[PDB]
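One chain comes next, on its own, written out as structure tokens in the form deposited without the named molecule.
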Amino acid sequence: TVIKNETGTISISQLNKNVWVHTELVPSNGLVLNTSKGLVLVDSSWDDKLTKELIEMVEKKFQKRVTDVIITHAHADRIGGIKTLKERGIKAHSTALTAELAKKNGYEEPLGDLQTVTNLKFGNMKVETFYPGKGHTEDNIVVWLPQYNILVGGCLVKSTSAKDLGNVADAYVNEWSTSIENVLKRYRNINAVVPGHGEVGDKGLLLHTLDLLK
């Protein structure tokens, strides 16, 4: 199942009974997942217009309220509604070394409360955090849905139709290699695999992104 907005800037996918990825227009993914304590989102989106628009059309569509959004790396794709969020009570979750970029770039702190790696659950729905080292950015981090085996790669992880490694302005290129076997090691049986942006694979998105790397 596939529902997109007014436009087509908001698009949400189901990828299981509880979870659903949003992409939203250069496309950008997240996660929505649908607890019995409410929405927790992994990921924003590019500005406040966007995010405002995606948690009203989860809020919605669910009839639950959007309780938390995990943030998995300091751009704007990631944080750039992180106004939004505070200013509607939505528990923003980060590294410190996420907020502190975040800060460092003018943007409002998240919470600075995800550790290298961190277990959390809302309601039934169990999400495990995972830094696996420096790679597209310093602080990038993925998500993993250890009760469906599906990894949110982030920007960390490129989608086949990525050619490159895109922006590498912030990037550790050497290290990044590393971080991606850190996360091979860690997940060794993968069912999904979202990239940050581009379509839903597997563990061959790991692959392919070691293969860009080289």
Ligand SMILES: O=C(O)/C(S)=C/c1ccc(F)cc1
Second form
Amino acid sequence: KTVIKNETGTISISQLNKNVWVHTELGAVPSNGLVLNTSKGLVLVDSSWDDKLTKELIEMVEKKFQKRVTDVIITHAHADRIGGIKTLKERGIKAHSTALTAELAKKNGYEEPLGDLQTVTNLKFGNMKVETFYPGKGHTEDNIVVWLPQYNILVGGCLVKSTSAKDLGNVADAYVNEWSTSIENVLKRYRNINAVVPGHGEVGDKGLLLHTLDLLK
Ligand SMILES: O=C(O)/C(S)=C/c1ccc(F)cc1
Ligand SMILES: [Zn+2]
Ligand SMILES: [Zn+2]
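Write the structure block of the form solved in complex with the named molecule for the protein whose form deposited without the named molecule appears above.
Now the complete complex, all chains and molecules, led by this one.
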């Protein structure tokens, strides 16, 4: 498991496979996203808590992989996901989201992502296939998951709790009666999962989805 850290230790990238890395930043509260190394540029799943960390993350991966960050997929409109949106927009990085996530971003005072993702959207960056899926309300009204069909890797985002999470966390924006159905929708769509990246904590497998179901009881 190859891990690479910034000079301060607040940003780390860990390799899942040749072209897929998890990025983790400390805001201490760690948060995860993905880095996809594609033939057409780097694509991130999620930014980071604020613009300072987002700039550092972009600069680390551009230097390491020797290509530009071209696109980011924003999985919901909380700061751990979208806090670096100002940095993305001013650098000409495309910030993909559902329309609901964009609406919520604007309501909460953040610059707006594109609002281009539908309930199911299939993107392709070079040879890298990316599917985004809105499974329903859960951790937030707008949360989406991201699927890499060439690897059967699911980015659960904050809809999915890690093994170390012993409760649901802050549920102020959550829908705890719909969250279980939303997880079941993920389990029904993706029946063979190799790795599940939660929004916070260690990478796991389908067991993290079952763990989240148990925390909802
Ligand atoms: O638990 C999490 O994954 C998150 S991202 C919680 C959260 C953050 C900001 C809020 F306003 C509400 C909840
Ligand atoms: Zn959140
Ligand atoms: Zn979160």
